[PDB]
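Next comes just one chain, in structure tokens: the form deposited in one PDB entry.
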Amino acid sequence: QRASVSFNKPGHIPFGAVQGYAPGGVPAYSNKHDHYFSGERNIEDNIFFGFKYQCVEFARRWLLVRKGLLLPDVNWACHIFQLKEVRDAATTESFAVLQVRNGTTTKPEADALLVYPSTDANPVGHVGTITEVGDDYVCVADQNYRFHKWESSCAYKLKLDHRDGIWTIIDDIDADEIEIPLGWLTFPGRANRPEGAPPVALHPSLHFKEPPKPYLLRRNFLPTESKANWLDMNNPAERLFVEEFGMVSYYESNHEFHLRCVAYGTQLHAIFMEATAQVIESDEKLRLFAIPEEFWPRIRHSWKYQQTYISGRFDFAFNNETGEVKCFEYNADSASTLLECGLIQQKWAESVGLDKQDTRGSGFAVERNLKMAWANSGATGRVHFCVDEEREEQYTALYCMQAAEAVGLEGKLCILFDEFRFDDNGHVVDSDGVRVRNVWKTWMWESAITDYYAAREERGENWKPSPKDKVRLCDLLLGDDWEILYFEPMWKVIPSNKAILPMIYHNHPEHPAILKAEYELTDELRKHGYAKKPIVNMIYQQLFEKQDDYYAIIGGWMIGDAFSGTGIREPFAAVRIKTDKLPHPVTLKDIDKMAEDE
């Protein structure tokens, strides 16, 4: 009936899989899906090509293999069009490129970098490689645009229009979204390196140097400008926040700290998902995780049916001396503190004047990634956002709801269960008679399980749902309709259970962020030092080694499948990321931009 959903889209190939080869033997690797950021550098033979696998990464790696020229650092792809100078990889000698505008009498040529402008859904623009030119087409090799396995030596072919001697490359593959590139960069006077030529030997001056150690430093600040009414009371979420909490100190990181969180967060999310699958398929593990046996079929169906999810938050610890990040838990079934990270902390920074050019807020990607999670969640139609009478649950719901609605979903906030009736056929419908199909909720699956059993005593087990009956939590979350999409799905209780911590350590002891953890105390744990943590028996976890006497826990947000930001609790504290200044930016608008924006 209703079809299974997943964040993996048909015919898109996994992250890092080879899509194909541009002429001259340059592989394009999959970046999973658009706007995906891995946090992982691609460094081969001491050359830093870019982030696995963004479009500038391919451009730089292509340019080096094909022509032996090194593309300088540039943050936004569209800014490549203002490039005047690359460097010869072997000599470091400067080499001048030629800017050729699209839509003039100059025909494009093979072995040029094609640059797309910034659009509304592609703020960074795009770069690819023109591999071949015909009388009415150009072939383009790139990364991070199309995710299919290539059938030939390019990702796609673009129309090349010719009218009155004027040549215009038009991207009209997708029907509505017609994009017209800015132009392309040629490398006049530089031949392609020979077939079979030995690899390019980068001059030692141009090798990747060790970036500075991550840092996370507590700062104390006396504001220059301080705004009194810095939240928008016409936004419901912000109004409820001000009603809970009302209208200095903060944390500053560097970009290396942020990247480590993105990389470790993304990698851990996969590790936790892998261990969740092992629990799902084991009866003994389901028992250990205190899933009642009666719900085993329900939770196993959830795991197969719904591989989408909106939010989850790691708890990280960080050591400033060693740069080490460790993970204590994945609060994978929660959205608590999202609004604070995604919005409040930036608006606070602006009010006291911290929104200077030299930093950005650490929850900058949250809003965009939320919209993206909702768009690829599988939820269509009406989504009921279901909360208790707690302001925090309400404003978390409203913030997730704003994102849903921004991508064409229709939201209804439901506080407790008065919005809902059973119709003449035993189904939960709302006050518009619309039958429930999608539920985002703050209600915990454990509370639903408890409500399920209470209702079972109260109502009987011969009980048929009828229109006279009040809808309860267990009818909303654990009803006869197992094809309702739930945000956060039922299986999400598994990665959230600390019983998983020994499993991820057994599976992945090599991972730098993984704490040693066992179900029984081992002499290794006694020697290192341990904490004994209960689970709904015990787990024993290794101990992990204060600024102005403040202990701080870092929250690392997964929003859909994207690591989307950090927030701190000492009590909620703002996190600012100091921006990497480029010494030799290609254009002034590229300063303070971030490759994370792609």
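Residue numbers count along the first chain shown, from 1. By rigid core we mean the largest C-alpha set that fits within 1.5 Å across both forms. Compared with the form deposited in another entry:
- Measuring CA movement between the two forms with the rigid core aligned, the set 119, 320, 106, 447 has one residue at 2 Å or more: 119.
- Residue displacement note: residue 509 has its CA displaced by under 2 Å between the two forms (rigid core superposed).
- Here residue 293 does not count as shifted, since its C-alpha moves by less than 2 Å between the two forms after the core is aligned.
- With a cut-off of 2 Å and the rigid core superposed, residue 196 has a Cα displacement that reaches or exceeds the cut-off between the two forms.
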Second form
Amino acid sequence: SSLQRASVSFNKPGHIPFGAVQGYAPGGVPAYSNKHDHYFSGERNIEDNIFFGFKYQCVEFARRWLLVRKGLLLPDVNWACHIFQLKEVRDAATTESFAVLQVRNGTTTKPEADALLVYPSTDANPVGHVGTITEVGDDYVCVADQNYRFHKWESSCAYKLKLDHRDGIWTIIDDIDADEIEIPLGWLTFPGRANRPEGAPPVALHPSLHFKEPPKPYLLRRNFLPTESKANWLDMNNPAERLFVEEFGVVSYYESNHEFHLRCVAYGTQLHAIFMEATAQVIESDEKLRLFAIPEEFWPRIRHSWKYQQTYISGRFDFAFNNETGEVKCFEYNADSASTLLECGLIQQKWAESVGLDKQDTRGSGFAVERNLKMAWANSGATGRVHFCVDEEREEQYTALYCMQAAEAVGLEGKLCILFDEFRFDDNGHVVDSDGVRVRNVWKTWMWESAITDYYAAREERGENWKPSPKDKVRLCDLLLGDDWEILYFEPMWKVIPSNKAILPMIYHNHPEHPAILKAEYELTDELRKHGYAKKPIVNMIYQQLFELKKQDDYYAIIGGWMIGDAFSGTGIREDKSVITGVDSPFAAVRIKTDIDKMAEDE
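Since the structure above is the form deposited in one PDB entry, I would like to see how the form deposited in another entry looks, so please show that one next.
Shown next is a single chain and nothing more.
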């Protein structure tokens, strides 16, 4: 019991883990959990060179289901909804094309089982959706799919939809969520092909239907000569974009193929899982917590943080990438607070528009950022007012205002706080703001170390019998390390752990397979002496292996990879001919070369 405000996590109640079997469609076709809406793993489902789809999206089910159930291969389709515009599929054995029949919703045709129901594209759901209709009642249809609902099925389908019948017309309506009604376009039948017998084994596919090995990934430094350029290209009204300009006063950017971007989504999301696992191990060990130099006095608190709050908004990986070898290696996870968010999720596209580089065939590397900040916030567990707290530093202010825009977009109320005078103590020692409201949610750039130092400093300046009264000005340590441990902090206190170089030998030991992990040890080893090592200490030592930074046009380049909530949501670059300090280094635009040009990340 004990915990007055609810613990929060991104594992929502109802939902089952990514990849757990939710249930089976008739014929023994399993539906896997995609964790939650709009989650994207970056990982392909391939058995025996048959590319089914992405782990686990809605089309992936459609396609898997069609093979097992009818012996027919659904062709490549970028957006679910485009399925309704298919005229033909293909035969698993002969490859001969095979005529689907398109049957529109809201006509005089009743729907029937073993059809692919297809929802349209909307301003509110841009790729649409595809399910299988497994049964058709008098007044409903049953649907089997992936990536719409996340529960353990209580039957052979995911859900039931209304089937309306008035004046001769049949209309499947999805009004389950009464404030997000959708009407499907219609459904594809496959007239002439019987279901495969139930408990028949799967057909083997003609090898000319094997997945074409994708192109090897590349990230390549390009030079462009803009024909059209815009004098003022940022929106000076928007406060975020203003503080940027007053901070920073034939061109260049990087081009990645779609495969490189997929490789980052997959490596990103997996590294995040790996760091989180590691972070649990540290949290449960007195020894490891002393190693990370967390003072013993803060263990109850950090441990509490870890139990109480399993949500978080941002963290940034630092990668190197080598074009010839294909290798992506991760140096570190700056999960407490990273610069570069506004640049990545806005300024670089804005810029690209200014030099006319947003042609049809490429996209802004951080297109997802905006939409995923909203989803982090919407699912963060924060409710009521959120205080965004920063220093007299513009870089932090535009970082903050950018997450406020996202916060305010999803129903949260926001208040930017520069330093600590917006706050006061009330009659009972609690921290409150200028309108008299008790603090409950705090997003901040202020670092936990800075707080821990201010706490130790504070400890004499007033003493140890001291108890806050309205007389006392609020300090950092009161705003982040006061007696109210149930304030949600964004980036929570446990985020110091995965940010700490001491986690690096632990993630190496737990998962040395991972193509992105670098060998790291607590002690020098003969093998590190051969490969080359860096001796990186902490807040004794850790030793990590070296990776070559390869140059293009003489520039070294480090890649930043954002986690926004649990989404890997984009990449940016900083480059330098000498040393990428990224306090003072030029940021570089990353563009992805790809309705024939749209992706799966949008689902």
